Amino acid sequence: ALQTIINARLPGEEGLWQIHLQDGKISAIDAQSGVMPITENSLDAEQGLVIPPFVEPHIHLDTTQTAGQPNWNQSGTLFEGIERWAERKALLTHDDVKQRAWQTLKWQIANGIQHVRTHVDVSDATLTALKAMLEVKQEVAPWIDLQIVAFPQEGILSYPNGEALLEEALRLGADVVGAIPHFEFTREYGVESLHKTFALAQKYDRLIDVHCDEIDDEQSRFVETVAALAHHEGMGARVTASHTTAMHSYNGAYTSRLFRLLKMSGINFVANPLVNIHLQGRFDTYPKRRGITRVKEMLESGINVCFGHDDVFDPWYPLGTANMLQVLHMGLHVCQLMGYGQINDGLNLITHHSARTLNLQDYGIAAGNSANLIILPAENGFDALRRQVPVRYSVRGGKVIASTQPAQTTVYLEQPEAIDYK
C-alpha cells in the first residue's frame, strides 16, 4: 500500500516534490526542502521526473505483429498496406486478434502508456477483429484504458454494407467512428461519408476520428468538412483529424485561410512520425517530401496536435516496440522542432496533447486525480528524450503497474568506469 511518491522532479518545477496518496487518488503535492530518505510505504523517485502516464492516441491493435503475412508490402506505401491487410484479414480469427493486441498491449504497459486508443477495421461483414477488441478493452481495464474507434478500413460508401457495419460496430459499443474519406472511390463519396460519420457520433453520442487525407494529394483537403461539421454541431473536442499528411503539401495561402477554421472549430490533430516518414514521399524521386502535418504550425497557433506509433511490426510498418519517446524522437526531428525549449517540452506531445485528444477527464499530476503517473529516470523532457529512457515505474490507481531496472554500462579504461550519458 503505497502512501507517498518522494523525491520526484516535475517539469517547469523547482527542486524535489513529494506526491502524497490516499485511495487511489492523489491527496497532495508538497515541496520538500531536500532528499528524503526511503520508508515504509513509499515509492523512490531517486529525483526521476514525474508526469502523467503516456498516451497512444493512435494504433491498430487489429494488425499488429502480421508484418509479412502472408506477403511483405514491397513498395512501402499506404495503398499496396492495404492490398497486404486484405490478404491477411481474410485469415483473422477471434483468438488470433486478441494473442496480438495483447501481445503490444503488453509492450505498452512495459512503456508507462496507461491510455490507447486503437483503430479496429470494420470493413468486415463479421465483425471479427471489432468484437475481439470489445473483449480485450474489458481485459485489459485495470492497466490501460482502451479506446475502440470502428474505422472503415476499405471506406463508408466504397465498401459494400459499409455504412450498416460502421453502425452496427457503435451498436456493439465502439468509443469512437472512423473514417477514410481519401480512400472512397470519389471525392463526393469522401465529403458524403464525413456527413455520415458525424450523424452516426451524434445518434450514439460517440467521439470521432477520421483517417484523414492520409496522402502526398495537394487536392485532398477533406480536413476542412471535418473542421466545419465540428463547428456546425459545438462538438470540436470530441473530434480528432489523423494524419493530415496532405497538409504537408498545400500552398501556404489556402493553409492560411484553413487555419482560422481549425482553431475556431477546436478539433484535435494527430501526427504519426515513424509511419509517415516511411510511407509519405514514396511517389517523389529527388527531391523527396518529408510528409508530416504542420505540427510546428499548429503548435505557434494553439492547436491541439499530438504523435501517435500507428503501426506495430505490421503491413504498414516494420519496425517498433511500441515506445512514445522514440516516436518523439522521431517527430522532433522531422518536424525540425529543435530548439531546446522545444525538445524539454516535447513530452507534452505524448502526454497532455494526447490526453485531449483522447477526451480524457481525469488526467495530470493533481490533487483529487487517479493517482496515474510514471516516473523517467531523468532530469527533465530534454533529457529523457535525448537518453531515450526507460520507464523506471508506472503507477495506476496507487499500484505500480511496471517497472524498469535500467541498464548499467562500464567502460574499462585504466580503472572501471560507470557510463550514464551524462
Given for the second form:
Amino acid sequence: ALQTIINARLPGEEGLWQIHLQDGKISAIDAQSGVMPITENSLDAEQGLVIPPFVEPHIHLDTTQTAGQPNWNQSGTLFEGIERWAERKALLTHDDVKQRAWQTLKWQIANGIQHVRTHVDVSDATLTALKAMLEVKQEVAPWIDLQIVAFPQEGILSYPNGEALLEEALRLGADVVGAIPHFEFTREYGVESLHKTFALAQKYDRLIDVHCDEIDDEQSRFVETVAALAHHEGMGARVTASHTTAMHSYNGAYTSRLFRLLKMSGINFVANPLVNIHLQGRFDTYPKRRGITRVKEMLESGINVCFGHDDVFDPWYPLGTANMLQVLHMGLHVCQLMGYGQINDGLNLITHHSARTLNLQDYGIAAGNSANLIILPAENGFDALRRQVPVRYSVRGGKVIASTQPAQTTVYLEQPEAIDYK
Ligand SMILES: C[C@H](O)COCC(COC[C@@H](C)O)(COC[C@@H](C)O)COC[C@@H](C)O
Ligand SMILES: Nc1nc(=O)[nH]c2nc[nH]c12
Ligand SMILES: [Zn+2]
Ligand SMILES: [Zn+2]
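Given the form deposited without ligand IGA above, what does the protein look like in the form deposited with ligand IGA bound?
The complete assembly is shown below, putting the previous chain first.
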C-alpha cells in the first residue's frame, strides 16, 4: 500500500509538505521542516507540485479519432464539421465507438485527467453511440469518473423525434441534458428547445449543459434564456453554457446588462480555445476575430468559467493528445491572460473551476476527500504551464494509476550538460 506522499509543494503555500493516506482518503496534510528521506510505502513528490486531478469538462468521445473518414472538413467550419459527422455517423458501430473512446480515454489517464464530461450525439433513432458510451462509463470507472451528456446534435425541434430521443437517452441513464438552440431552424424553436431541456432535467433530476451560441452572430442570444430558466428553477450550479462564442461579438452595453443575470443565476461556462480559435472567424476576412467567449471579464466578475478540449482528432479538429496544459496554454494567449498572476492561477481553469462545472463534491487536496491527485514536475502553475510539463504521478483512491518518466535532454558543448529549461 501507499501511506504517505512526501516533499510536495502546494499552490500558494510555503515550503514542502507531507500528505497522509488512509483507506483511499487524505487523513492529514502537515508542513515539513524540509526535504525528507525516501521511505518505502511513501511516494516521493521530489519537490513537484501537487494538485487535484485535471478535469475535462467538454469533449466528444463518440467522434474522437475519426479524422478523414469518409471525407475531410475542407472549409474547416462548425457547419461543415456537422455535415462530415453525419456522413461518418451513418457508419457507427458499437465496437467502433468503444474502440475509439477507449483510446482517447487512455491518453486522458496518461495526462492526469480523472474527471471527464463527454457529449454524445443522440440525434439517432438507434442511439448506438449513447448506449455504447453508457458501457464505457462503467468500464472506465476505476480510473475516470465519466459524465455523459445527451447531446441533440441536429436539434430538438428540428430533428424528427428529437425530443423523444433525448428523453429516451435520459431514461437509459445520461447524466446531463444537452441542447443546441442556435442550430435550430428558427429563433423561436431555439428558445422553446430550452424550455423542453429544462423540463426534462427537472423531471429526471439531471444536470444541464447547452452548446450555447457557438456562432459569430451578435444576435445569437440564447445564453440569456439559459440563465433566466436556471434562476427561475433555483438550479444555477447544475447548469452549464458551453462555448458562448457569440458573446465575443456582443456590443458592450448588452453584455454588461447580461452579466448581472449571469452572476445571479450562478451558471457555469466552458470555453474551448483549441477549437474556438480554429473554427471561429471563418466568415471574417481581414481583420479576423478571435472568437473565444469573454473569459477575462467573467473571471473579474466571479462568474465560473473553465476550459475544455472539445474535440480530439476528428472532423472539427485534426490535432490533440487530450492535454489540458496545452489547452490552458492556448487559452491564456488568445484571451490575453498573460500577467504573472493570471498565468499562475491558470491551473484553476483546468482544475477547480472545471470541478465546479461538473458539480463534483469529492474534489480537492484536503483531509477527508478521496486520495485523488496528481503530481507535476514543476515549482508552480506558471512553471508547469511555461514548460508544458507531463504528469509525474497520477494517484487515484490512494493508488498510482499512471506515471511519466521525464524526458532527458543533453547538450554536448565542451563537456556534456543537462538542460531543464529553467
Ligand atoms: C483502444 C485500446 O487502446 C484499448 O482497447 C481495449 C479495451 C477492452 O475492453 C475493456 C473491457 C473492460 O473488457 C479496453 O482496454 C482497457 C483495459 C486494459 O482496461 C477496449 O476495447 C474495445 C473493444 C472491446 O471493442
Ligand atoms: N465544436 C463542436 N460543435 C458542435 O456543434 N458539435 C461538435 N461535435 C464535436 N465538436 C463539436
Ligand atoms: Zn455492448
Ligand atoms: Zn461540443
